[PDB]
Each structure stands twice: as structure tokens, then as C-alpha cells.
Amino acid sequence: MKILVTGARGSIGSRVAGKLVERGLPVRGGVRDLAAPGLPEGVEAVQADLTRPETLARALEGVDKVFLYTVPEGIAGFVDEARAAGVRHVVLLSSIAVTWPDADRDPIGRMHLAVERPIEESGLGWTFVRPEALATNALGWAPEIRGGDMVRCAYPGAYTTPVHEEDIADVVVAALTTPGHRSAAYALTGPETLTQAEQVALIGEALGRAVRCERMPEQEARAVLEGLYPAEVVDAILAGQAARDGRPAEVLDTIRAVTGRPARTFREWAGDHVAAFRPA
């Protein structure tokens, strides 16, 4: 039976799809548009747009297992189609934000809870993968780092525990291909809690040049962030960073527990993505 990897041209989805193909498994790669490049080799491309759950009926034909991204507006329709198709297991890319005390008020927590809860109620087998900060969030600093030796952050001293996308993909693949993960919810962190300034410096080390981090005033940071996210999400981002300012975040050994391999370091991530931070 086939595995449908939704978002198979995405950072995580593409790596999930590639790793399943390396394992000889029949993989369908979900895309919004069949005509666009970037799908990994060996994947059967199918239209699977999670915002328009009617595309799933064809995409889910002969499918036993699904890798799902969080798209709350179509989850009811996904659940109905997965059930109709006889899907046995859904692995969801969620967020560690659902594990926090204020999850059901936090916009990010709420968004992910809005998909987890209906899956929990559906009768479908599931695994939730709940990462903390994505190491790929550092790619937002590329313009600054390509152009100079300084990055400006609202909270240079805020800690996160950034997690490499390959580790997320490895946990997903483990959950799709081995027993024992049914109703498991895996909170993933990288192997070290690091401040924003520390992360910026580690990118410097990958580049072979020193890169510095200076603080942006909150009014200016809020102005930049309100161009990128809804208001309530900007509030949650800054409130979250304030809470972690000079306060080391939790490091979990979940990646090693699931895969048998220690989590990839942010230093390794920066080496892996070093070309993104060099000038053109």
C-alpha cells in the first residue's frame, strides 16, 4: 500500500518522501500544483491540497498511511476522506506549543490543537510530531548575514532549542515504518538550548567569519513582525521570547529515543545550510 506525503515539495515533506523512496516504499507526493518543480525523484506526484479536501479522494486511493502538515481549515474534510479511503495511520507535523499550559489560548497552540483534536476523535491511528523551534527559522537571517556581520533581534538573549529538519523527517519516517508509535506524541528539541545571539554566532562559524547580534527595540521589531504575521501571532512570538529571555529552554532526548541517533546540532545545521548565508 502507498504512503501519501502531503507537502512533498516542502522542507520537511520532501525529506520524508525521499527517505521513504530510499526504503523502496511506494510514495505519493502531495502538491498543490502538478506543474511546479521540486518534488523528489521516485515519488508519484498527486494533487493533494489540504485547504481543498475534495482533492484528497483521488490522492488517497490505495493509500494506507499519510504524512500530514497542520492545516486547520480542511481537517474535517481530511478526516472524512481518510476514513472513506481506509487510511490506517496518520503522522501529523504539529508543534510543541500544544504541550504548554496556555496552548488553548495561544494562537500557535490553538492552530495545532485544532488539527490534533479531530484526529484524536476520528478513530484513525495517529502519531503526532511536535517540534520546538525549527532550525530553518534561522534562514530569516540570511539577508542580514549575506550583506554584513550583524543581525538585529528583539531578544538576542532569548533561548530556543532548535531542531534540524532532517531529524523531524527521521522521526516521521520511523512512525510511518515501524510499530509502537500509535497514539505517540513526540516533543522534539535539538540537542542544545541556545540564545538567538548564540545561533547567529554559530552561523558565523559555519561561514568562517564572525557574525554579531544586536538588540532591536520592541516597537521596531513589532513593526517588522506585523508585516509577516497576524497581530495575535506577533503578540505570542514576542511574549514567548520575553519568557525565554535569559531562561534556558528544555532539552529533550526524544529524537535519540525514537531513532537511536542523537539529535543533529544547530552547528551541523548551519554547515548543511551554509550556502544560504553567503553573498551572491
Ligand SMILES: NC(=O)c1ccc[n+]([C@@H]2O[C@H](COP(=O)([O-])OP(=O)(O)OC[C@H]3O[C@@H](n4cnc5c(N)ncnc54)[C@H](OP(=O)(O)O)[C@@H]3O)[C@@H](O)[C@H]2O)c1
Given for the second form:
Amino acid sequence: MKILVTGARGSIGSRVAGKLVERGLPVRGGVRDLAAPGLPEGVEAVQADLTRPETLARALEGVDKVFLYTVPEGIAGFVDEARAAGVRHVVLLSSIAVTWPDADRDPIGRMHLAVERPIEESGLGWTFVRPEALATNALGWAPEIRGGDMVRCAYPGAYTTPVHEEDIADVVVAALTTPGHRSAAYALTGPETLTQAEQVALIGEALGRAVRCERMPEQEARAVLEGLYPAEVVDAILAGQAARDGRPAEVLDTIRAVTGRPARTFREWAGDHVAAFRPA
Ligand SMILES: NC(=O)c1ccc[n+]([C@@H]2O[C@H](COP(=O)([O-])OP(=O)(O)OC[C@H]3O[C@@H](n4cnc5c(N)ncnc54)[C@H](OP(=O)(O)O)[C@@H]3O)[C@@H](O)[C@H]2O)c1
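Now that we've seen the form solved without the ligand, could you pull up the form deposited with the ligand bound?
Below is the whole assembly, all chains and molecules, this chain first.
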């Protein structure tokens, strides 16, 4: 029976879809707009807008399993349609922020908990995949790295443990295709905790040139982030980074435990995405 991959044009969703197609599995790729390009080959395109959960009734026909992105505003509608269609297993792309002690006050933590909890209460089989910082967050430095050798960082000494999107897709695929993952919640990290400055330098090494952070003052960083995210989220980002300033973050072996392969390094990630950081 079919697997519905929501967000099949997304960074993670497209890799989940592609990997399932490589395995011979019938995949429906969920998109908000059927007219647009970017869907991997061999995927049946279906409208599946998680904010308009009446699209889901058609998208879930003949579907046994679902990969789900976190969209809190339509979760009760999703649960209802998944139950009605006979879905047996939902794998959710959540966040490690749900595991920290302030999760239910943190905007990011709350956003993901608002989808985890109704799934937990629904009776559907589930697996939660809970990454720490996405390696792809480094793509926000591309404009500065393309144009010069200095990047401006709010907290150059702040640690995260960035995880490669391919590893996330591999864990999702394991959860969709093998037994033993029911009610599992996998906290995913990369294999090394790294500061912002270290990440920037590793991008430099992949390019063959020395790229450095300079610190920007918090006034300036707050302003930049207030143009990209709501007020509450900027406060959490900066507070999160200040709390990890000079404090190495936890490295978990969860990727290796699930997939049998060590987590991909940020260096490898930078080599994989090197074209994003070269000038036009
Ligand atoms: N950034 C971090 O450090 C971090 C850490 C932990 C967890 N996370 C989680 O990872 C996510 C990022 O995943 P990603 O890298 O794959 O992002 P992405 O490349 O931006 O893809 C996001 C996908 O979500 C889909 N989507 C959004 N709203 C939808 C809706 N209403 N209905 C259907 N599909 C919808 C989009 O579909 P369309 O392309 O069709 O529009 C898009 O394909 C975050 O949202 C968060 O939940 C992030």
C-alpha cells in the first residue's frame, strides 16, 4: 500500500520520497500546488495541503503510512482524515526542542508539541524524528560567503550539533519500512558539536578559501532576525544561542543506532552543498 510523503518538494520530503522510490515502494508526493516543478521522478503528485485538511481525504486514499511535516494549524483535521482512511503509521518531522525542560513555553518547542500531542492521543501508530539544528541552516550565510570572506554572526562561539538532511531522510525511511519504531522518538544530532565560527570555517575549507565570522552586536542581530521571524521566535533564538555560547552541545549516537551508519559530518554536508556558496 501507498506511502504519502507530505512536502515532497521540500529539502527533507524530497529525499524521503526519492529514497522510497529507489526501494520500489508506491509513493504519493504531497504538494500544495500541482502546477509547480521539483517533485522527484517516480512519485505520484497529489494535492495535500496540511493547512486545508479537506485536500487530505483524496490524498490519503489507499494510504497506509504518512511522512508528516509539523503544521499545527491543521493537525486535528489531519488526525481525523488519517483515522478515517485507515492510516496505520505516521512519521513526524518534529524537533529536539520538545525534549528540553522549557519546551511548553519555548515557541519552537510549543509549535512541535502542538502536533506531537494530538498524534500521541489519536490511536495512530507514530514515530517522531526530533533533529537538533539543521545543517541546511548554514545556507542563510550563502549571500555573504558568495560575495566575500567574512560572515557576520550574532554568537560566533555558540555551539550546535548540526545534522545532515540525508541522515534525517534515512531515519524517516527506516521508520516507514522496518519494524520496531512504533512510539519511538529519535533525538538526532550530527556527529560533532561545532561553534558558528567553526561551521563558517568548514564551509571555507570546502570552497578552498579562508572564510571567517566577525561578531555582530545584539542590536544588529536582533534587527536582522526581526525581519525573518516573529518577535517571540527571535527572543528564543538569541536566548538559545547565548545559553550555548562557549558551552559544547550534546552529541547523540541516535543516527547510527537507527540506520547502522554514523551520522554524516558537517564537513561532508559543506562539500555536498558547495555550489550554493560560490559566486554566480
Ligand atoms: N531549522 C532547524 O534547525 C530545525 C531543527 C529541528 C527541526 N526542524 C524542522 O524541520 C523543518 C524544516 O524542514 P525542511 O528543511 O525540509 O524545510 P523546507 O525545505 O523549507 O521544506 C518545508 C516543506 O514543508 C511543506 N509544507 C509547509 N507547510 C505546508 C502545508 N500547509 N501543507 C503541506 N506542506 C506544507 C512545504 O511544501 P511546498 O514545497 O509544496 O510548499 C515544503 O516542501 C522545520 O519546519 C521544523 O519543523 C528544523
